[PDB]
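Below you will find one chain, with nothing else, as structure tokens; this is the form deposited without the partner chain, and questions on how it binds or moves follow later.
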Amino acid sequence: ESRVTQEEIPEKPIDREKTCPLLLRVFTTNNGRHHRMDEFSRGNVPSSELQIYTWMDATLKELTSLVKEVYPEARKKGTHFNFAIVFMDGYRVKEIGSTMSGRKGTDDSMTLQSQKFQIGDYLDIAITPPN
């Protein structure tokens, strides 16, 4: 794998007002793991699902607040949201980052665009209770 580096001495916002939102299909679990890739094979997807209208600069934090509106039990402080992108190679996975509710974390401002999300991909969220 070739590698690129740059002098560290930026990313830009979407004008959401002038841009049609994309349709994100979001799948979720509460068993402690992501959906398996066999669950996306042969033209099938997982039954646990949410639709989110958003933009390429959606952040994990923004996405976590939408999930919380819909799963009231995800509300509790310390609840863990682990995010993955599911993408056509059949499908594959790549964990991208995590958040938790009521807490600031280092991945909170990570955006779909920074992770090379391409439209057509799915988002998978493994949800776990507070420590």
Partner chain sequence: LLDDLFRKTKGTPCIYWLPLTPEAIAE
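Shifts are known only where both forms have a C-alpha. Rigid core here is just the name for the largest C-alpha set that superposes within 1.5 Å across the two forms. Residue numbers count along the first chain shown, from 1. Compared with the form deposited with the partner chain bound:
- Legend: core-fitted overlay between the two forms; highlighted is 10-13, the single run of at least 3 consecutive residues with CA shifts of 2 angstroms or more.
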The other form holds:
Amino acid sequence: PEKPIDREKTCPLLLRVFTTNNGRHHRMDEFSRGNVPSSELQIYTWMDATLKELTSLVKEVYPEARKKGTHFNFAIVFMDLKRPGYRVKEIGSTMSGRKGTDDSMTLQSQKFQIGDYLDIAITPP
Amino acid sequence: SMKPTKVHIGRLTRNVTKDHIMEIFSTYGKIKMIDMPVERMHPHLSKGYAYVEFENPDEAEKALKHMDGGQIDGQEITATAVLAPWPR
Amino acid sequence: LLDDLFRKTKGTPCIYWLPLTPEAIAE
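I've shown you the form deposited without the partner chain. Could you give me the structure of the form deposited with the partner chain bound?
After this comes the whole thing, all chains and molecules, with the earlier chain placed first.
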């Protein structure tokens, strides 16, 4: 059971996004103690944002990523109090110019909690 | 019989800082004290709540009026009056 | 448009917030 989100009535959440261009996600040691990697991209969005929607915002910031065939691998980076540290969990991928089965995956469907980081490993075609 | 001046703010996202809380709730009155505890084993992170004490009960009432059910960083928050001395 | 709809902090990183509508408080 999910609540529909009215984006004029619900204020957006701050999403802190990190990207690579070599197909590999950031190491966990780059996030220790509140440090973060270079090139943070700050997005304001909603819990029903989809991978396809987020991909277009990323393409807005990096036009080279627009090229047909570009692969976006999405991972959530999140503090797990159970282990004393950050963990990364890959959630899905999209590709420029292709319709894939993760296009419509949403943050909340993945149990994303606000404040968790998004890490996007991008592979040129 | 005297009315409370201290409020508990709940459901704060992991993005929300002590300064954000000062800035937002100062909208409703003069803040005399804030307590926003951090994760013991990860001090850079809050526990997701704060106490805010105002100078007078009218201000605390106002804050509760406007923000219990209000939103901070895209998430609905709780605001409730608290009658207790600071923790020991 | 976001800045018309929602309040934004000066403190960083900047976050948006929003109190209950006058409507909602009375109701």
